[PDB]
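Take a look at this one chain, the form deposited in one PDB entry, written out in structure tokens.
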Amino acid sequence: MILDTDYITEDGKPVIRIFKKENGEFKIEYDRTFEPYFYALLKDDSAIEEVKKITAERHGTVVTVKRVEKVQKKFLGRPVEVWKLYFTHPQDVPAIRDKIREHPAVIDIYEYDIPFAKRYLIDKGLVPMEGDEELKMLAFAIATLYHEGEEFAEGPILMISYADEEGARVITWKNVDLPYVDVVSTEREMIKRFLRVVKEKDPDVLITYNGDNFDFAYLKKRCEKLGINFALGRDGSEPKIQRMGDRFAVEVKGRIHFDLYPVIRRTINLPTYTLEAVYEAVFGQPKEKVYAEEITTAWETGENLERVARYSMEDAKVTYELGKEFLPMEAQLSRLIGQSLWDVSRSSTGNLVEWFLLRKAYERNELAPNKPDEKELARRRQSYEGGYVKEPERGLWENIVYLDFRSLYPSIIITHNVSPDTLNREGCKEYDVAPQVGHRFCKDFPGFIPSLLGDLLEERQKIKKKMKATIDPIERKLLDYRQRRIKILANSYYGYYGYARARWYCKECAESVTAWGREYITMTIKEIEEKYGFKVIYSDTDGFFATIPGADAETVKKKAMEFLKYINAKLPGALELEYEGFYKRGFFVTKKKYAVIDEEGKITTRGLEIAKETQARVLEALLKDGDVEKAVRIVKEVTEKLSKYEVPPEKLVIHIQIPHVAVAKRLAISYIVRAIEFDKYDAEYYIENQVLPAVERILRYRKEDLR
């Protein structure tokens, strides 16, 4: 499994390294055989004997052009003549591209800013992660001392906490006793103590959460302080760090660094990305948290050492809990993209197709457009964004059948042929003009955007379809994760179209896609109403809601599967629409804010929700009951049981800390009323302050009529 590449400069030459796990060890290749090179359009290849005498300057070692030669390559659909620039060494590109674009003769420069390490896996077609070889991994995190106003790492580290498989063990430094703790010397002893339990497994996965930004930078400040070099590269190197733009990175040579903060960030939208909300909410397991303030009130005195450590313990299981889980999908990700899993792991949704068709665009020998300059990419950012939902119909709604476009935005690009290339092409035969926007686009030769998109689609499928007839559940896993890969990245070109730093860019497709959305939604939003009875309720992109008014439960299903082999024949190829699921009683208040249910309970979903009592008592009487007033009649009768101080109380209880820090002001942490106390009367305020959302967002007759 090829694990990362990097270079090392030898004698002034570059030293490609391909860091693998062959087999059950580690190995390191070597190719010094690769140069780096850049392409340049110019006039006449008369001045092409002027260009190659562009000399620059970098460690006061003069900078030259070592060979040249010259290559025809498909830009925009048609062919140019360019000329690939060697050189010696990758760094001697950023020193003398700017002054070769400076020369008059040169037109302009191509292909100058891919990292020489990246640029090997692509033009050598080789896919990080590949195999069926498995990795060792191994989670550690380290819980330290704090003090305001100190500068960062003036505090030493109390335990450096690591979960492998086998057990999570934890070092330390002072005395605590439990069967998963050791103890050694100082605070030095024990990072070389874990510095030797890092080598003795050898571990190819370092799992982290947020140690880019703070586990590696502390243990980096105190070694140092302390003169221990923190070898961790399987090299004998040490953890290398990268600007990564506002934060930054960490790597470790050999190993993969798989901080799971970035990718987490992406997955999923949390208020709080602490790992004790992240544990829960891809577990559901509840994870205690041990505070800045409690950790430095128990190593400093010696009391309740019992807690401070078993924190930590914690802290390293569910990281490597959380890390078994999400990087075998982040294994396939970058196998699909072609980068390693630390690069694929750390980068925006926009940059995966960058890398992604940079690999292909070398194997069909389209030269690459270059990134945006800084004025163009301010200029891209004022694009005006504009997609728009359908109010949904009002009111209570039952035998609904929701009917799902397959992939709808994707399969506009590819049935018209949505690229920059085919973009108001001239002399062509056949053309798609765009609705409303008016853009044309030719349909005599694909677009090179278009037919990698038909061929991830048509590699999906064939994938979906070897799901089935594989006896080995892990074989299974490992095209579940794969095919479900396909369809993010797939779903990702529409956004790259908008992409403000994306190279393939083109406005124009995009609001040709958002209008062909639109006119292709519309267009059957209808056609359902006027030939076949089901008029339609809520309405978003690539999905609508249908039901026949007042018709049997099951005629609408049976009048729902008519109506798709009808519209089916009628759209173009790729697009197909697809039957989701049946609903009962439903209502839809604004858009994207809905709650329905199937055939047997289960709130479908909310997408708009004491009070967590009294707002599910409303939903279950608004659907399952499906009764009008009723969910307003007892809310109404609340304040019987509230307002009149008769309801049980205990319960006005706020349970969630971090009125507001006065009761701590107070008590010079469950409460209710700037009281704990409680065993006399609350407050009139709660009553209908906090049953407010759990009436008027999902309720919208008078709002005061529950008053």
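Positions refer to the first chain, counted from 1. Rigid core here is just the name for the largest C-alpha set that superposes within 1.5 Å across the two forms. First, how it differs from the form deposited in another entry.
- The only C-alpha among 194, 397, 505, 120 that moves by 2 Å or more between these two forms, given a superposition on the rigid core, is that of 397.
- After superposing the rigid core, the C-alpha of residue 15 moves by less than 2 Å between these two forms.
- A movement of the C-alpha atom of residue 600 reaching 2 angstroms or beyond is seen between these two forms when the two forms are aligned on their rigid core.
- When two forms of a protein are overlaid on their rigid core, residues whose CA moves 2 Å or more are considered shifted, and residue 349 is not one of them between these two forms.
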The other form holds:
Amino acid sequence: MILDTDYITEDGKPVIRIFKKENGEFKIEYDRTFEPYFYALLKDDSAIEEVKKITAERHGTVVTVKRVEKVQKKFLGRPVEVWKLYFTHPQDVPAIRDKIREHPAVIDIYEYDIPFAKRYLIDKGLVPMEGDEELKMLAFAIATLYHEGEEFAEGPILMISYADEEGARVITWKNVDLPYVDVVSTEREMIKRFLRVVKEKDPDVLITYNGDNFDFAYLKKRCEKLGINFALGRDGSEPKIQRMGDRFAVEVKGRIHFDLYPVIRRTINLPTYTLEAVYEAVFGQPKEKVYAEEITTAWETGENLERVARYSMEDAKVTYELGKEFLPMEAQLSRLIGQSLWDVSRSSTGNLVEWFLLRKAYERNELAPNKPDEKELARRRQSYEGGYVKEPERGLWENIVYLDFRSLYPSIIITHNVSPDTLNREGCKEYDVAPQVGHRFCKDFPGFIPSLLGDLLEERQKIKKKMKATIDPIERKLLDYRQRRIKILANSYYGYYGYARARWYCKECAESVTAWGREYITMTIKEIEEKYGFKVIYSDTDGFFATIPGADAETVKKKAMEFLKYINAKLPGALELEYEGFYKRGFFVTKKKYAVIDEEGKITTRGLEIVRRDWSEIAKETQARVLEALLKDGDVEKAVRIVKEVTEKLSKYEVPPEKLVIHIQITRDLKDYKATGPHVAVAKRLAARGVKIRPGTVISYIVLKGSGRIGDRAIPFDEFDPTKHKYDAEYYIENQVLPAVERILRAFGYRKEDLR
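So the form deposited in one PDB entry is up there; where is the form deposited in another entry?
What follows is just the one chain, with no partners and no other molecules.
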């Protein structure tokens, strides 16, 4: 099993290192033969003698062009001829590529920005994370001494905790009477002891929660003060810290540093992303939080260090438990994309698709398009029409069926061969013509993207068949993860087409896809209304809710089945309308906001305040309780009673403040805000006392009595003291509870004042 690749430099030449885990044993394969290269396209071949002579400087060392070779590849499915330019060292290409491009005889250059080690995985057909290998895993966490107004890592680490399959332990340098605490005398001995534990356990994976941006940097700065060689790497090296523009990321060579924080943030939508919140969300059991002020107080008073140790022990143990949950999923993604678990677990959607496409393009001798420069990026910010959204017939409905397309956008890409290499390609026998926008797509041969999509959707079906017949539960679960990653990959091509930073950007493909989608969905609505008597209540992009007014449940279901038989004999290719479910009642609030209840009693809510992080729990919990009264019992008087009780509970100050918190994410540097909302105003108070407010930070505030602007009265919930602070019951009634229930109960005759 391949884990990662990198390269070192020996006597001026690059040496690829392949980190493997084969049959329980860690190994390093070296490859000294791979040469870095990019491609150039010339106005004329004789200019190759001119370009061969171009040189550059790499702080001191003079960079030349090692060797050139003419090659023939396809660019967008068309044959082209370029010059492959080899170099002795990978760091030669950034120092020289701009000089070769700026030549008047060089038209452009291609594949000039592929990192050497990832280039190696692609060119050599290697795939990380394949085969029967258990990785040994170890999670860890630190606890520090914090005082407000000090630099980063001015204060010592107090505890390093770790957990794996054999338990959890805490290393600390005061006496704590707990069986899982090991005591040493100094912070230096504690860090050294933790070095030894990692070197002794020799894990394949190190799991942190936000180690990319706190734990490793803290350890780095302490190890510098204390004079410690921080040698975590299997090759004896120190953690390698790398800037990914805004934040940081940390490699441990020979190991996989699995940081849960970017993984969880990309995988699940939660109101906050504290370790305690993530654990309760994934596992359903509470984790108590101990705050920095308590940790410092306990350390300097020496009182209640047991509580700090237990908190530290639990940090590692839930971090390990979350590692076990999410690592296999990310391993399959790494195996699917063809890049390291380290890389993919920190990659956006667009980067993931692109690395997939670069490997597939290599295997088909397709020269890759370039990322856009500034001129081209500007040109690319024209938008296009999206999915169809019917304005709903607002209110309460009985006996609803939801009908929709099985994978509308990938079905359109497959069926109509929507690809930039088929777009308006002249001289074919057969084309499909996108409605409204007019783009022609050749059908004589499968496009690059359509072919990959077809392969993907077919592999997913073989896996599902293989899961149902396989007898090995670990194989079945890995298979499950792989077909899930494939579904997500396949559903990413559409958005990638319209992504201006994409190498394979194609506004025409993307707007063709949505145009075909609007055609298919609206023709279907028209047919079910005019030929089958249905009333279509609401519809968004690829599906719609419908009923027969005044028909019983079993009529609606059967007439829907018949319509499906009718419409699917008219839908071309892979387009298929499916019976997704029957809902006994549904309430449609606005476009993109509704709730339905199925015959079993389960309620599904979309877009409503219930699903949002920036609404208080008391609002959400109250709206949810209203929706049960209506959907489940059809009981409007109960719904009104529920809201009357809640506004009174707030008015007499008996709602717990924990249900009053509002969560809003900071989305940028704070000086780039043109207008200061309440959450920006709280984040400015906090940042003015040394707390870091990078983008992605979730402000958790509560609104206090007094008045003026909401921002003048907002404080972090951590700062809320129920003996010097009174929350604004009028704000939570007039601006939170009633605004979420009013748009629903307006359908029965109630106004906000009948609800107080």
